[PDB]
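The chain below stands alone, shown as structure tokens; this is the form deposited in one PDB entry.
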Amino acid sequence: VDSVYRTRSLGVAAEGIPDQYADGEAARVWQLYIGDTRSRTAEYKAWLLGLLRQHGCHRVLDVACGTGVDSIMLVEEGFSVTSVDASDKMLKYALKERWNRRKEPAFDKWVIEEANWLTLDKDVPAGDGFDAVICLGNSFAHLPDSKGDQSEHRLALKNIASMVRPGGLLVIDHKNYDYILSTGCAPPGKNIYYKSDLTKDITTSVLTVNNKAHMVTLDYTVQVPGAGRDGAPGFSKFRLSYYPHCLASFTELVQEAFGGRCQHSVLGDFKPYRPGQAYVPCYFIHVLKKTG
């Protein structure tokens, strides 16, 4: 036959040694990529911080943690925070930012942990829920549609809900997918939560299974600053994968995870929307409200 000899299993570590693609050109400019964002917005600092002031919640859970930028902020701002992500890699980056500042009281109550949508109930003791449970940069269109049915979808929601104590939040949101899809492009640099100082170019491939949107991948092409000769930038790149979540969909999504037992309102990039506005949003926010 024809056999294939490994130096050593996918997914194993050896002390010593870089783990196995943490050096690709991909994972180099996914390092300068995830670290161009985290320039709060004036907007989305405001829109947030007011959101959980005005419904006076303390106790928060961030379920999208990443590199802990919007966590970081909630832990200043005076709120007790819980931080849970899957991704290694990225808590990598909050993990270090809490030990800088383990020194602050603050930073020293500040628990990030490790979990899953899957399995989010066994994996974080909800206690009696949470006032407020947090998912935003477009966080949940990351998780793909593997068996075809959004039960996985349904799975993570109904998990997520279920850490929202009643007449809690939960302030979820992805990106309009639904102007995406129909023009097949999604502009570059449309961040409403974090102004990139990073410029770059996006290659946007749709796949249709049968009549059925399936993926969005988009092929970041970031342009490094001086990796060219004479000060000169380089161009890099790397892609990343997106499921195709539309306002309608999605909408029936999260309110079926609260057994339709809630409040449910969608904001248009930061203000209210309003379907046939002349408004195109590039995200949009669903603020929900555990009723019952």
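Heads up, when I say rigid core I mean the largest set of C-alphas that superpose within 1.5 Å between the two forms. Numbering follows the first chain given and starts at 1. First, how it differs from the form deposited in another entry.
With the two forms fitted on their core, the C-alpha shifts between these two forms stay under 2 Å for all of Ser241, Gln255, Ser249, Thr41 except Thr41. Relative to the superposed core, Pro188 shifts its CA atom by 2 Å or more between these two forms. Positional change of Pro272 between these two forms stays under 2 Å at the C-alpha, relative to the superposed core. Superposition of the core reveals a Cα shift of less than 2 Å for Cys57 between these two forms.
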Given for the second form:
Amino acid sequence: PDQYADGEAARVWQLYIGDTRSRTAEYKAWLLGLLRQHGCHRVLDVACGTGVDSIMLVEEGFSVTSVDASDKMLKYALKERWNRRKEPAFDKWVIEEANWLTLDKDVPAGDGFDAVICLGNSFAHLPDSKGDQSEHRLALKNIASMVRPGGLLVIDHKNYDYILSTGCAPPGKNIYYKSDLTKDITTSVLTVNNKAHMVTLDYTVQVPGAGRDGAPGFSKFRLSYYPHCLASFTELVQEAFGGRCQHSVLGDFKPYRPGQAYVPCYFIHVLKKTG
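Moving on from the form deposited in one PDB entry, please list the structure of the form deposited in another entry.
So it's only the chain below, everything else dropped.
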């Protein structure tokens, strides 16, 4: 189900994300570069969310059409495009509901897109409901299909290898989500038959105010992720392109070499479809 249905997460996301100028500060020069370095104007955002990155591309004047499964979150991307409905770029910003699993129809690529982006550890949200990675394969497949030949694919996932290994994630220098308000996170790892199956996080977001000066009282929600490990996604994602693609994985938007000292929080998988 849409873990964002109760729109409580989407309610504090602005806060949950933390500083946008800062969150976006990291990797903004690299994405905009890579996207331009391959000369892509047509960009589809499959995890638009509230639209933090889409808006960025809109502003940097690309042709972005963004989709997302939760209208609760989308609802906000929408508000922005409206407030900025006078800005020509934004008058052309596209926002539609869509689901990776049924994307094939949800968003007719036909021509395809110059680049496809699925940032902020979204895909990890898709669960292994069937036991087999069937769905994951399908989802990934449909995304790969949105990229025009020679197009790109920028998808990532938190470093679950480190999180699973030390049973705890590496917080601090977390590029996508840093807020002085996240007062609590209770991690819950459920492994079945010795296979990590679900990682459930119970959040506590400190909403400014909460009554008198500096007083407890926050917003709570919970998100569950699949702990995708590098090796597996690497292959899995590649297999999505039918093998006809160029694969490249980064640490936290820096070159990543297996067995390296630095432990990245996320793993940015960049893909170039050749067929």
